[PDB]
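Peer 1: Here is how the chains run, residue by residue.
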Amino acid sequence: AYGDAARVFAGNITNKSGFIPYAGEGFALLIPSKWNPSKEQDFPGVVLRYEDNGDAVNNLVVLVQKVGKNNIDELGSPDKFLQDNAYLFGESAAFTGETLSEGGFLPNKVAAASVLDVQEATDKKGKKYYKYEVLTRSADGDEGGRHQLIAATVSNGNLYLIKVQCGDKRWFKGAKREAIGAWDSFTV
Amino acid sequence: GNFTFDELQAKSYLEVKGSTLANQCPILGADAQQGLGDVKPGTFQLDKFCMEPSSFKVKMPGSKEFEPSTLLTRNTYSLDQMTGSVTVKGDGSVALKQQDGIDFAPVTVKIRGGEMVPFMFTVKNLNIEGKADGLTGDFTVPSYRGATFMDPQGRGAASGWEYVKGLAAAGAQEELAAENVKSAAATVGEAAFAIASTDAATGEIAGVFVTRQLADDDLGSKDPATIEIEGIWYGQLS
Amino acid sequence: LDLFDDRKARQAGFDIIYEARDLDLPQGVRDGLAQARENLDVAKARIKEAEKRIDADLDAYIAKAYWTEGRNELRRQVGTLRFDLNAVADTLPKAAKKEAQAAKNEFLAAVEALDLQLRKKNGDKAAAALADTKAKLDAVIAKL
Amino acid sequence: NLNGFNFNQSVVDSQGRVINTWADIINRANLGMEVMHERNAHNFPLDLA
Amino acid sequence: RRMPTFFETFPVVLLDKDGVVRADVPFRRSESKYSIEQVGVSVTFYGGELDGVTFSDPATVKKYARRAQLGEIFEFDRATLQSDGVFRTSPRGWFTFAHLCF
Amino acid sequence: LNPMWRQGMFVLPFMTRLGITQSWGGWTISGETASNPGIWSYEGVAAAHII
Amino acid sequence: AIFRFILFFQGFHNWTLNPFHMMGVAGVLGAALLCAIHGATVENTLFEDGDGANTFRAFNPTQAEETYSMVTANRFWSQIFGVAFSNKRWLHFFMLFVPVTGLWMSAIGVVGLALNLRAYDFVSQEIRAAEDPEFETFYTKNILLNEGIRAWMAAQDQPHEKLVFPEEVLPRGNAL
Amino acid sequence: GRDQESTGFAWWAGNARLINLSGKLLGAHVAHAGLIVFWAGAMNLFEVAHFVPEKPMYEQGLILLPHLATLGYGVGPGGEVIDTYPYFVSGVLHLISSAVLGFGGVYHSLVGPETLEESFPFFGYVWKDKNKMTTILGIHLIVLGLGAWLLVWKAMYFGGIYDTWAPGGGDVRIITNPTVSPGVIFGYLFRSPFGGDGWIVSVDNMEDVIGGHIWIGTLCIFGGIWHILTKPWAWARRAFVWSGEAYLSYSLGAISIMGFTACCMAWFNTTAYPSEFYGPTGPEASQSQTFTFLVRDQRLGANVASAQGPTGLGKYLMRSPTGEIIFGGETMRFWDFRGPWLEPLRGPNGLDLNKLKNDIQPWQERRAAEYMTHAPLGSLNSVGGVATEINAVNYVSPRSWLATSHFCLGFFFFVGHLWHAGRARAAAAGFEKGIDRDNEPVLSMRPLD
Ligand SMILES: CCCCCCCCCCCCCCCCCC(=O)OC[C@H](CO[C@@H]1O[C@H](CO[C@H]2O[C@H](CO)[C@H](O)[C@H](O)[C@H]2O)[C@H](O)[C@H](O)[C@H]1O)OC(=O)CCCCCCCCCCCCCCCCC
Ligand code: CLA
Ligand code: CLA
Ligand SMILES: CCCCCCCCCCCCCCCC(=O)OC[C@H](COP(=O)(O)OC[C@@H](O)CO)OC(=O)CCCCCCCCCCCCCCC
Ligand SMILES: CC1=C(/C=C/C(C)=C/C=C/C(C)=C/C=C/C=C(C)/C=C/C=C(C)/C=C/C2=C(C)CCCC2(C)C)C(C)(C)CCC1
Ligand SMILES: CC1=C(/C=C/C(C)=C/C=C/C(C)=C/C=C/C=C(C)/C=C/C=C(C)/C=C/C2=C(C)CCCC2(C)C)C(C)(C)CCC1
Ligand code: OEX
Ligand SMILES: [Cl-]
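So the sequence lines, in the order shown, correspond to chains p, o, q, a, b, B, d and c. Add 472 to a position in the first sequence, counting from 1, and you land on the number used in PDB author numbering. Add 67 to a position in the second sequence, counting from 1, and you land on the number used in PDB author numbering. Add 58 to a position in the third sequence, counting from 1, and you land on the number used in PDB author numbering. Add 295 to a position in the fourth sequence, counting from 1, and you land on the number used in PDB author numbering. Add 356 to a position in the fifth sequence, counting from 1, and you land on the number used in PDB author numbering. Add 51 to a position in the sixth sequence, counting from 1, and you land on the number used in PDB author numbering. Add 176 to a position in the seventh sequence, counting from 1, and you land on the number used in PDB author numbering. Add 24 to a position in the eighth sequence, counting from 1, and you land on the number used in PDB author numbering.
Keep in mind the hints are simulated off the structure, nothing from the lab. Worth double-checking, as some hints may not be accurate.
DSS-like cross-link-like pairs, simulated, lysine-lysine; straight-line CA separation at most 30 angstroms [to be verified]:
#1 o:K115 with c:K178
#2 o:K232 with p:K511
#3 q:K156 with o:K115
#4 o:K164 with c:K381
#5 q:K183 with c:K178
#6 c:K379 with q:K156
#7 c:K255 with o:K164
#8 b:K373 with d:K317
#9 o:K232 with b:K373
#10 p:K645 with c:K79
#11 d:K317 with b:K419
#12 p:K581 with q:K155
#13 b:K373 with p:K511
#14 c:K178 with q:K102
#15 b:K419 with o:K232
#16 q:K66 with o:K107
#17 p:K599 with q:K66
#18 d:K338 with b:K419
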């Protein structure tokens, strides 16, 4: 037995912020409270992954990769850093052909990414961050595009990166709050 | 046609709606000088360039003569509101290039035997040049279906199954290897335009066109036929 | 994928559609009524642009007998004119705002008459109503 | 467009996590048969018709 | 991952020894993270007819990974009886069905 | 090279002998294209017999 | 739970395409038809055994004569439908017989389905659709719907299989 | 009251005991009218007390307040609620009038005269007296015509009504030139009910509404005067059944047709039901979604005119079956939609490429986005979105509620008309209680084949 009485006539909710704090190996972030853990490892160095109960397109992932440089600026300019890590949005390697019947796409391209915003900022401690905001669109038009939020930094010789994905359909229906909260809470 | 640009602009949407007058190209007035007219040589901006077909002919693969066809998709086969550039030389040579606008419209017709022949009526990337009485050129014909189009069994080029889901026992299906591959490759066509009237007061031109291109192939699963399209066209120079 | 630089799209108004759908924000913010009241510069610029557009384009369309274009023009960019005039006149003293309201009502009646004549397709009546509307708009602009 | 009861993500634990239900299994089946009703007639994410 | 009895059609995914997905045959090829072309998977046969033969062509690798779902890859003669290509049932199933109905 | 009689047609030559050469399918017994087949085509005659 | 069971039977077994289930639904709907039509016909061919508009009080269970006009009912349904009952015993035995037979046929179908002996597909239609990329019927659309149902319900409906499916292997349509 | 002993009608059919009691029937009708006014007033008070200004009318589940907004009460330019007091005044007046009507009905039903054919000959009647029934019908026709004229006077002299197509945004206009052309009025009435035509639901300006109301008021007054001074002719006496239940069945059929028409008008109309107070319609949401996606993709550097979809038809712009330029996708079925925010971008031959390429306004974009997100889709427990969504939004469109409720009411009243017409025809003939055993009609006919 347990002996715990039921919370009858209780006027307080234990958690109402919609986020669940997480303490990891050298990083911390606020995971949305309606997301379940996932066992997928798509990118090298995955140490954390959560996906929404409703739609599996909405997810976040944290990568801790080994590098030689001790600072994020030594990996290149923010544009160059994003160009090097362009595999985070996937690749159209399985489609090997030529086409000219796509809606607003370059020839022989069935996918594209629009870099909506880049930013460089330092935290309260004094560690520089590279913040990105991309919208990747598909030839078919899955969910009307996907929003990618990336925040990368280097600490103790390791690169710490987080990518938060959210479908546009859910983005404009009110699910952007959870994604932005998880993106803005990444601390190393 | 049987209506001018001013006459068309003098109507209301509720008066044009349902009368099939939106699928037609305007004609010129009595002030239009025949031929090239009195156009000052130079490069103009093309606007409101439209082409209204008046006949479709189909030459099935294995035949040496074109055949009449009956349209099945109603009044949706007019290209309109295209923009580009037109250059006129002192001798009389003219060059036409199309950049933007509605320059494509899928069309389906039926032939004598009873076979439906879909085709992709377009003048995309039109590049013609020559004298006023004849302008030979070419254009690109994109694939009828996109890369993400899925066939009735869920097989597509950039999305879908790469084999037949139903026939599970056949591990490789070497007999169906031809139909399991989809390619949305593009082709080219040829055009032959002409100029019949021109009004330098308002910068308007008109004439006739004849184009030849190829029908669809169901993403590389058929032998396309040759289709000849002829009709009138209109445009404004400014 | 292949990167594209579209960082200047936000400066072109990329967030208008996303902000208009934000159910957390109030309805005034979503519809843009809150911003105009806070910043009267936008209202003044819209009023001036509407006046200039009315004059030039209405003259051109009535001259060439373009009724559909004229009506659409009368309600395409001028579509915020009533709200802008109300917002501008709400920042005036009692007598000044009363005179502004009277002038605005007269101008709106003139625009209604002009639209009726444009619908009925009377070239001379539409021209006279347009001249009257221009005079009334000038008067109400001078009043503000 | 006045559909039936929508008991999706109705049962929520103390920390906010979602506890599934037979209604959620039905929702999974509906999502399965929704994205495949017309494979090429849709160009935009919402089926408002 | 072997295809369960319930499913008439099953997706093709490749797992490592710890059960984590490493490769698959994608349905949406516009964006891929576990594609066989990206990973570079190859198949080698031990014993049997194809002993010592290694295939690295992505199409052949996909074709052989599709038949690994059914279990042990075999060679069939689909021309003697003009087999259509759908699984049948055995006397076990026929007997059980008939006698349950009876 | 593939005429009516090589395909084992029995009643079709009897219909054609009295002056019926067009079908609702658009073809003509001479290999040309049908021009306004009208009521009295092969299908029209068959339907009339059924009625 | 029963709703999930029904949807599972549709997605995996193609239960709607089973002739035994077709007989079962025919029997159930015919039984409902018979119930409604018999009630209406009896209630609208009554006899005048009282003076009040409330006709429920003009009956006595121990009476001898019947309370409604079988001749009138038979003539009405003969002139309206074409055929009609002329035997009360046969009428009521048919009423008993229809739903029982429907349910028994459905039971035989489910017994057959217990061993995955499902009438799932038409081989000729599958072969024709495979050879010709232009042939489409409603049966193929139902097949695609079943495939989607299976793929998207498998992960949560069967936790023991431990199916982890990347988002790019699940079948999906354009923009939806 | 009465009982089954002396009436023959059970308690579940007890209202049929006062078919021939004029005073009690009048009391029942007056009490029911009081109930209707009471519901109107109480619901108005309930809706006005639960209204917040930070959300639009259609987002708060209101159905009576948008009716007063369309009459020009407490609204401003653009469709923003400015004042609330008139709604309170209307609710209070309705509640007090309901009190008076309820007292009158209770009096006339409890202690009033039971049968007012001997003490009040002017008000007394017999169901089989055609002249008296025709006179009453004429009186009520005159009253209805006066009501229609009262509506007409509001749009002309007493401040006008809200016009969603007014230049420079929707605002409370004054209708000075109503359309009273016989060709215009007859065009709406004898129009097809199919797509494109829409019958009377397709009225697209307030001038036509006011002109039609002038027509209907004049017609009702003239018909009332005509019926007061005349009696039914031989061809009318030869075709109808003359009893109270028969008249009830006729009225039931008429109001069932009215209910179906009201459902369709609520679902489809935009003039008499402005989207500012009722939310977007069915087609409006799809058109808005396509418009906003076109705008967004154009802002990302794409050619909307020449963009090709997966099927090869056109992602953003395609051609209507008659030739007009319309939106692409599944919204090709909704190309008959016509709304105030979309008309300015439409030319004589459909949408104008240059207008939507260089002259799209932020207010239009905001309206499109708002009507896209607030689509008329929901669930029974008021969960917005499609059936495969989550519990995040508590919204169901006011158009959906009215449409569903009034379709249900119309169907049930059609069934009631069927029931009562059949019963009246049978009872007048004289065999509503069953068949006569002594003389059964079928036994006297020759047997069939
Ligand atoms: C004289 C006797 C009759 C003669 C004619 C009989 C013809 C019978 C043909 C056979 C088929 C049956 C009838 C089909 C009707 C289909 C109605 C339809 O497609 O649409 C209905 C139309 C709606 O029209 C719509 O009207 C719209 C109005 O347009 C405009 O509307 C606004 C105007 O400002 C906006 O601007 C808007 O954007 C703009 O589009 C559009 O035009 C649409 O395209 C158009 O479809 O409503 C209306 O006509 C108004 C209401 C009509 C009656 C009620 C319909 C519903 C009930 C059905 C019957 C009862 C069922 C229950 C009982 C069952 C047992 C008996
Ligand atoms: C819509 C409302 C409604 C109305 C207005 C009526 C009206 C009427 N009914 Mg019907 N009835 C209804 C619904 C209604 N009924 C329903 C739902 C049923 C099924 C249960 C019946 C079944 C029925 C039967 C079986 C009978 C009637 C009869 C009557 C009539 C006689 C009244 C009487 O004798 O009662 C006397 C009752 C009482 C003394 C109770 C008094 C309670 C009062 C009236 C309540 C209202 C007061 C309110 C709270 C405050 C108002 C005061 C004001 C200052 C605000 C009366 C005209 C009778 C008849 O046929 O007459 C010949 C009768 O036999 N009715
Ligand atoms: C409140 C509703 C109403 C009701 C219930 C009645 C009821 C009745 N009318 Mg009255 N009537 C009314 C209003 C009403 N009327 C109005 C407003 C007018 C003025 C036009 C008339 C003028 C009128 C005349 C001239 C006659 C009647 C007659 C009759 C009786 C015959 C029933 C019938 O219609 O035949 C069944 C219906 C038909 C065979 C078809 C009618 C449908 C019409 C033709 C549809 C098209 C409308 C018409 C062309 C009007 C112009 C359209 C409009 C835009 C202007 C019946 C008692 C007759 C009589 O007995 O008089 C004593 C008769 O001769 N009525
Ligand atoms: C203008 C008319 C508009 C409506 C026309 C309706 C036409 C349909 C009439 C069907 C009568 C067939 C009765 C056979 C058997 C027969 O002769 O019935 C006659 C039978 C005679 O009853 P008795 O009381 O005389 O039988 C005495 C006993 O001793 C029998 O052993 O009466 C019935 O059982 C009525 C039940 C009809 C059940 C109808 C079944 C539904 C039809 C199936 C449709 C299939 C379509 C396939 C298309 C590919
Ligand atoms: C005969 C009969 C019947 C019926 C009855 C009826 C139907 C009645 C009705 C009645 C009515 C229908 C009544 C009414 C009443 C009302 C009242 C009494 C009111 C009041 C009001 C008030 C008091 C108000 C107040 C206020 C104000 C002023 C302002 C704001 C606030 C408030 C709201 C508070 C029955 C069924 C039983 C059955 C038997 C017989
Ligand atoms: C306001 C308005 C309007 C107007 C309207 C009007 C003007 C209307 C009218 C209406 C009308 C004017 C109607 C009528 C109707 C009628 C009916 C519905 C009838 C019926 C009948 C019957 C049902 C009959 C029957 C019979 C027979 C057939 C045989 C013998 C026996 C008897 C007699 C029974 C409009 C739209 C412009 C716009 C919006 C608003
Ligand atoms: O068409 Mn037959 O299904 Ca009534 O939702 Mn939209 O549209 Mn189509 O999709 Mn889902
Ligand atoms: Cl769409």
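Peer 1: Confirm or reject each hint.
Peer 2: These are the hints, each one checked on the structure:
1. A distance of roughly 47 angstroms separates the Cα atoms of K115 (chain o) and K178 (chain c); the hinted pair therefore is violated under the 30 angstroms criterion.
2. A hinted pair counts as satisfied when its Cα atoms are at most 30 angstroms apart, and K232 (chain o) with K511 (chain p) qualifies at roughly 28 angstroms.
3. In summary, the hint linking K156 (chain q) to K115 (chain o) is not supported, as the alpha carbons are separated by about 49 angstroms, beyond the 30 angstroms threshold.
4. A threshold of 30 angstroms between alpha carbons decides the hint, and for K164 (chain o) with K381 (chain c) the separation of about 21 angstroms falls inside it, so the pair holds.
5. Straight-line distance between C-alpha atoms of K183 (chain q) and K178 (chain c) comes to about 28 angstroms, which keeps the hinted pair within the 30 angstroms bound.
6. Pair hint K379 (chain c) plus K156 (chain q) does not hold up; C-alpha atoms about 37 angstroms apart against a cutoff of 30 angstroms.
7. Restraint check for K255 (chain c) and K164 (chain o): not satisfied, since their Cα atoms lie roughly 79 angstroms apart, outside the 30 angstroms limit.
8. Of the supplied pair hints, the one linking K373 (chain b) and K317 (chain d) is violated, its CA atoms being roughly 38 angstroms apart against a limit of 30 angstroms.
9. For the proposed pair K232 (chain o) and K373 (chain b), the alpha carbon gap of about 28 angstroms is at most 30 angstroms, so the pair holds.
10. With a CA separation close to 17 angstroms, the supplied pair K645 (chain p) and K79 (chain c) stays within the 30 angstroms bound.
11. Note on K317 (chain d) and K419 (chain b): the hinted pairing holds, with a Cα-Cα distance of about 26 angstroms set against a maximum of 30 angstroms.
12. A C-alpha spacing of about 60 angstroms is found between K581 (chain p) and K155 (chain q), which places the hinted pair above 30 angstroms, so the restraint is violated.
13. Restraint check: the Cα-Cα separation between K373 (chain b) and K511 (chain p) comes to about 14 angstroms, which is no more than 30 angstroms; the hinted pair holds.
14. Pair hint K178 (chain c) plus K102 (chain q) does not hold up; C-alpha atoms about 34 angstroms apart against a cutoff of 30 angstroms.
15. Only pairs whose Cα atoms come within 30 angstroms are accepted, and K419 (chain b) paired with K232 (chain o) is accepted, the gap being roughly 13 angstroms.
16. For the suggested pair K66 (chain q) and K107 (chain o), the alpha carbons sit about 40 angstroms apart, so the restraint of at most 30 angstroms is broken.
17. A distance of roughly 28 angstroms separates the Cα atoms of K599 (chain p) and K66 (chain q); the hinted pair therefore holds under the 30 angstroms criterion.
18. Of the supplied pair hints, the one linking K338 (chain d) and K419 (chain b) holds, its CA atoms being roughly 24 angstroms apart against a limit of 30 angstroms.
The structure is inconsistent with the numbered hints 1, 3, 6, 7, 8, 12, 14, 16, although it conforms to all the rest.
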